[PDB]
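Based on the provided sequences and hints, a complete structural model is requested.
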Amino acid sequence: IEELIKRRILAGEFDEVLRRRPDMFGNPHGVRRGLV
Amino acid sequence: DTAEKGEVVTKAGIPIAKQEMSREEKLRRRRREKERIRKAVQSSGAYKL
Amino acid sequence: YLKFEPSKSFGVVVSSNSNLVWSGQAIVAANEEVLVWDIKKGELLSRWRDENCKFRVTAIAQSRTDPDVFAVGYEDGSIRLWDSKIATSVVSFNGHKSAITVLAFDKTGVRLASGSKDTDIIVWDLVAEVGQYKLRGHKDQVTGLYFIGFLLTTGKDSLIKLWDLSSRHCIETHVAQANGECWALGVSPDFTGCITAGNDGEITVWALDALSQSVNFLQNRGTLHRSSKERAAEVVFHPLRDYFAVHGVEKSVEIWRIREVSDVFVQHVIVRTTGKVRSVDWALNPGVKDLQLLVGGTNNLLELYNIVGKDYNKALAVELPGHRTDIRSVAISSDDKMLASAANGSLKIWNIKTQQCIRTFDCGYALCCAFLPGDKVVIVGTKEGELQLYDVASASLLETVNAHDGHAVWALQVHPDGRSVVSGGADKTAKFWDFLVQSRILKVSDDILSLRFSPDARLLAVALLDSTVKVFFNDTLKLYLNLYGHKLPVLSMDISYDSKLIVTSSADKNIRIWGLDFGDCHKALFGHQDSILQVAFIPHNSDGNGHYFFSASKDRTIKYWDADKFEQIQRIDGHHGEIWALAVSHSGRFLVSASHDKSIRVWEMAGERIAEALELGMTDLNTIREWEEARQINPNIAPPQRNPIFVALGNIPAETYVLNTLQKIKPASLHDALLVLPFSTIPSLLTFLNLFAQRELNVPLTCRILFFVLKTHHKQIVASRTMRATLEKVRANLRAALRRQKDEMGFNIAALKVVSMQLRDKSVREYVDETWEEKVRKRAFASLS
Amino acid sequence: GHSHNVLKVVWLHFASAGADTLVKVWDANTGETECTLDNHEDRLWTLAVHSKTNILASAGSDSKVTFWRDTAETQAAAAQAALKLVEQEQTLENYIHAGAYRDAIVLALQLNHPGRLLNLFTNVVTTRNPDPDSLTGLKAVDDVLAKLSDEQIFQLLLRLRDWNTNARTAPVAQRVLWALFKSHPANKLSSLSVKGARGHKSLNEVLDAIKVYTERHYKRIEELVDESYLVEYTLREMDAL
RNA sequence: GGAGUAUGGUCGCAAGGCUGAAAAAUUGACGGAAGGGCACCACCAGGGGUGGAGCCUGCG
RNA sequence: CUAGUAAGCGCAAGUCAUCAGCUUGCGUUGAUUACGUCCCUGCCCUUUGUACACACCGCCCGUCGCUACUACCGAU
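Residue numbers (the authors' numbering), protein chains in the order written: chain B, 541 to 576; chain C, 688 to 727, 777 to 785; chain F, 5 to 27, 37 to 161, 187 to 248, 260 to 308, 352 to 402, 413 to 537, 556 to 724, 777 to 947, 953 to 962; chain D, 640 to 652, 666 to 722, 724 to 894.
Nothing false has been slipped in among the hints.
List of simulated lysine to any residue pairs, SDA-like, C-alpha gap at most 25 angstroms: (1) C:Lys784 x F:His716; (2) F:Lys914 x D:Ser836; (3) D:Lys864 x F:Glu868; (4) F:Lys98 x F:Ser11; (5) F:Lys934 x D:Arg814.
Covered stretches of chain D, going by a simulated chain C footprint (3 or more residues, C-beta under 8 angstroms): (6) 761 to 769; (7) 809 to 819.
No lab work stands behind these hints: they were computed from the structure.
We put the beta carbon where it would ideally sit given N, CA and C, even for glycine.
Have a look at this one:
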């Protein structure tokens with residue numbers, strides 16, 4: 541256990557989800573709602 | 688991107704000159720910007785001598 | 005587990021540090046000790062070796078009006094004031110960051126300026142024992158200091199600067215070299231002229247004179274050029290006569306007299365030396381009509397010359423108690439009472455109990471030196487391929503033989519019985535010489569770097585350029601085995617007194633512990649940060665420690681290890697130059713170590781915050797108004813005697829201070845804090861609002877806080893009596909302030925409107941045609962819906 | 640570097669001069685063009701070098717001959734200019750040390766660093782002993798703003814729109830904005846013509862920028878007045894009591 | 001007979017010991033002071049076990 | 001341990017896994033005391049980036065590292 545913990549944090553790669561951008565579909569690119 | 692040549696603007700919005708700026712606040716400004724980025777065959781003579 | 009200590013240390017006179025001083038005595042600088050010598054006699058009076066420091070000292074200076082107290086400066090930024098009456102340092106001054114280089118005394122001797130490689134110049138008091146203040150200009154490190187009070191300085195951007203003492207800031211600067219750097223500062227002893235010698239051999243000359262207007266004191270009266278286009282190390286004046294000395298580090302120094353700047357300043361003499369001078373120094377001897385120029389030369393020497401004041415001659419020198427160029431071999435005699443030391447050009451044999459040189463011999467180069475048993479003759483091998491044979495008794499050369507042609511003989515080893523010697527050259531052969557005649561040569565593919573015998577005369581081992589080692593038998597030279605496994609060529613090897621063990625150290629920054637039966641690496645050890653040059657066991661296991669061994673390496677360090685537990689039992693520091701040689705006592709009690717030091721060592777709250785801030789401001793206001801009453805009664809001496817924290821914060825106004833403690837924090841906690849402020853604190857606050865109202869600063873802040881304190885305390889305010897006058901006064905002040913500023917910016921905006929209209933009428937249109945279509954900014958405002 | 644043929648080189652103490673009519677000099681250890689001289693017309697035939705110094709003589713298909721006497726002279730002029738620079742910077746710093754406010758502003762106007770200039774502006778608008786007839790508080794400073802020159806005024810408008818953009822330095826910007834309009838006449842201000850007013854640095858833009866920031870501060874200070882009337886109210890209250 | 005889909009048999013390669021257990025980097029390393037949010041592993045108010053005798057699972 | 005929260009009471013079922021020396025359900029009677037606060041201990045996170053208004057603020061700091069340049073030092 542301990543060494544595989546060590547192994548993955550060393551070559552740190554995580555199976556866990558990331559926060560997807562909330563509306564990926566119609567706004568795939570994602571410029572800010574600001575001045576251009 | 689809209690600043691003049693010899694000077695830089697601050698986060699306050701004040702264009703200040705690199706020329707008039709001393710090394711102290713130079714290093715401090717560079718430190719704050721780096722922190723923003725962070726948050727984002778030879779010879780035997782050569783051998784024996 | 006016996007340990008080793010720095011016991012003896014000698015074999016060297018003044019190193020490559022500058023700024024030597026004369027007193037008929039010559040105080041020169043070693044690495045760690047500041048040591049004083051006689052010049053007529055070869056005997057040094059003493060040395061200043063501080064046990065608490067290890068750093069190499071690199072700045073020495075004699076106090077004016079006070080000899081026998083001297084300020085020195087080390088590599089770590091320390092300034093040790095020592096005594097010559099008693100060989101101890103009275104005070105230490107560690108304020109700099111690194112590498113003290115330039116010093117200047119007071120003419121009285123109470124004030125000390127120090128300038129380092131870390132560019133700071135720190136002034137220190139010598140009766141309060143504090144650094145007085147810190148002086149910060151200097152885009153790069155300093156080169157010259159002088160006490161004019188005032189300070190005249192120069193630094194490595196070719197910058198000369200005059201500062202004031204009473205006002206701790208710079209007063210003037212100028213640039214010496216147009217496209218170079220200054221390197222030497224020389225001040226005339228009467229404060230009338232200064233000379234700055236820079237890189238191109240170019241000495242800019244300037245005149246001197248002894260605040261809102263155009264102050265101009267120093268004048269560039271011109272430039273000059275010397276003969277040698279080198280960076281000038283030092284320009285030193287004559288304290289009494291009209292002469293001075295320019296030297297950059299060469300075999301040429303130049304003395305120039307004082308009578352256009354070329355007409356006034358002409359070279360007196362150009363003196364040629366045997367070596368490259370580190371530092372020149374002056375001397376008046378008591379009772380002579382001469383100029384004693386003391387050169388301290390980088391090749392481990394001192395030389396005192398006579399200059400006649402209206413030529414040069416080698417009057418005195420110190421080169422006897424040390425070698426000259428670079429030590430390259432050692433041989434500590436069988437009795438362990440004397441030793442041999444071999445340097446490039448010079449070989450000297452030295453007695454241990456007096457740690458002093460006894461004899462001296464000359465050659466061209468020297469790789470290896472080793473006496474023969476009986477300690478009557480010494481065998482030396484040199485780069486020109488050659489072997490020379492000297493003796494100790496008659497102090498002469500005996501023989502001279504080209505062993506190999508011009509191949510540097512990397513190895514000289516005596517036969518442990520004492521009848522043959524072996525000599526390994528840079529060629530493809532190596533020769534056994536029985537004493556002397558050539559017994560037998562051996563041929564191989566490449567250059568040998570080290571070979572040894574076995575302590576029982578049974579095996580021999582050669583060790584070659586190919587990062588390989590070939591071990592043979594002693595009788596017939598047939599390959600017992602061969603060792604590999606180093607990526608870089610080996611530098612040294614050492615086998616055990618019982619020949620049960622090998623250590624093989626190479627330029628890969630590691631050592632290999634082998635066994636001498638099957639030659640298996642017992643342990644690879646990666647333990648030095650540099651290329652280890654040498655390693656040595658003790659032959660005497662009579663103490664029970666024979667498998668202990670020392671490994672000496674290029675990064676100035678030796679390590680004491682035990683091969684049995686394969687462990688470094690000690691670290692030996694102490695040297696500051698690349699070690700080349702070392703030798704172990706035959707009893708194993710001490711060791712000697714010779715290095716590129718050219719030396720040898722022998723080893724045995778926010779609301780209450782602004783509230784009490786207001787309170788202190790009230791105290792300061794009371795002091796100021798009483799002081800104004802006093803100075804109105806009479807203009808006599810009446811100090812304000814303000815708060816220590818205020819005069820420390822820089823004599824600032826108390827209202828400015830409380831404005832700062834009001835300006836720092838956020839609007840929310842500001843609102844909160846003023847809500848906290850009790851009604852006892854309200855009149856003090858209101859009076860400060862009156863001060864800001866008259867001295868208008870941060871208008872919306874003052875107005876907002878005023879309104880807030882009204883709305884949290886209004887009924888108390890309309891009920892009170894004494895506040896009515898204060899409110900009337902602050903009201904008058906605020907109406908005045910607001911009306912002034914509003915009329916100001918209204919003037920502004922009206923002028924803006926009219927200048928807009930007229931600029932329009934300027935820019936409107938010139939041509940008239942059928943196209944009025946040509947007659953707008955735009956912005957974007959993206960929206961995710 | 641040629642569109643045409645070169646037709647002759649001469650040696651220095666690389667010099668190409670031919671039918672392309674633009675001569676080009678360089679030294680081969682770098683190999684990059686050091687000058688281009690175009691007194692000459694369509695086609696250029698020959699070339700000559702001075703014996704000892706370095707003067708060129710361009711002559712070609714025409715009968716015009718032009719001489720070109722002499724990097725190093727640029728370094729010399731830069732050296733003396735930098736001596737001037739470090740002298741004026743040090744005496745500017747000593748003007749700060751003395752508080753030599755007027756001439757400090759003058760030297761800061763020549764050296765063009767608005768930060769130290771603005772610190773002078775803070776001090777001169779808050780002297781704590783302002784002159785009564787003055788505009789900033791110092792009449793010699795009123796004189797120097799009376800005798801400014803055109804390009805300097807324009808760059809001060811740039812620094813001024815910046816100090817107007819930020820609000821803590823807005824009032825000191827307003828006062829130097831205020832004394833500026835009083836001194837110089839509007840026809841001069843409108844006939845202002847400096848070369849560096851292009852795009853975001855042009856006059857209409859920087860001016861209307863100053864206008865809208867001042868309009869914001871105008872409304873702000875108006876509200877400050879209207880709320881400031883309360884102390885007069887409460888004064889009337891304690892007068893009733 | 002063609003096409004896949006398997007199951008294990010057969011052969012080639014992988015299957016030649018400079019060896020002998022214990023970095024990258026303009027982005028990097030560690031901190032500190034101000035500003036907020038939170039918490040029954042915090043404050044404040046209170047309660048209620050277990051811990052005393054015995055029974056006794058489980059854990060050592 | 002902060003609202004059907006704590007305690008007291010029982011009656012049942014025995015859910016492949018664990019649990020009868022008990023475990024789990026479900027009904028009954030149902031409170032005090034907070035329900036504020038970041039002052040202690042803390043933990044998290046602001047000082048980058050992330051949408052523009054009226055609005056406010058106003059370039060944290062340290063030791064170093066790394067990269068470019070300058071010049072030095074001395075061996076061979």
